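*Asks:* Spelled out, the chains give:
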Amino acid sequence: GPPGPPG
Amino acid sequence: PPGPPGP
Amino acid sequence: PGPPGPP
Amino acid sequence: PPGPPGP
Amino acid sequence: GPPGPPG
Amino acid sequence: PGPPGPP
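Protein chains in written order, with the authors' numbering: chain A, 103 to 109; chain C, 301 to 307; chain B, 202 to 208; chain C', 301 to 307; chain A', 103 to 109; chain B', 202 to 208. A prime marks a further copy of an entry chain.
Just chain A, same shape as in the assembly:
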């Protein structure tokens, strides 16, 4: 899947 959101 795509990268996760910024922290």
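Keep in mind that the hints are not guaranteed to be accurate.
[What the hints assert, rightly or not] Okay, the calculated beta carbon distance ranges per label pair: (1) C':307 x B:203: 14 to 22 angstroms; (2) C':302 x C:301: 18 to 26 angstroms; (3) B:207 x C':305: 17 to 25 angstroms; (4) B':208 x B:204: 30 to 38 angstroms.
If you are wondering where the hints come from, they were derived from the structure by calculation, not from laboratory data.
We treat Cβ as the ideally placed atom computed from N, Cα and C, and that holds for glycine.
Position chains C, B, C', A' and B' against the provided structure of chain A, taking the given hints into account.
*Replies:* Same frame as chain A, but now just chains C, B, C', A' and B':
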């Protein structure tokens, strides 16, 4: 699925 | 799953 | 998430 | 995530 | 988490 939030 | 997001 | 407040 | 606020 | 803010 999308990856997890960053740190 | 995708990779973690950025900091 | 955003980082913590500075010192 | 982005930097935190000034202290 | 992001890094700490500045002093």
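*Asks:* Per the hint of 18 to 26 angstroms, is the separation of the Cβ atoms of residue 302 of chain C' and residue 301 of chain C within bounds?
*Replies:* holds (24 angstroms)
*Asks:* Using the C-beta atoms of residue 208 of chain B' and residue 204 of chain B, is the stated range 30 to 38 angstroms upheld?
*Replies:* holds (33 angstroms)
*Asks:* Looking only at beta-carbon atoms, does the pair residue 307 of chain C', residue 203 of chain B fall within the given range of 14 to 22 angstroms?
*Replies:* Given about 35 angstroms between the Cβ atoms, the range is violated.
*Asks:* For the range 17 to 25 angstroms, tell me whether the beta carbons of residue 207 of chain B and residue 305 of chain C' fit it or not.
*Replies:* holds (20 angstroms)
In this structure, the one hint that does not hold is number 1.
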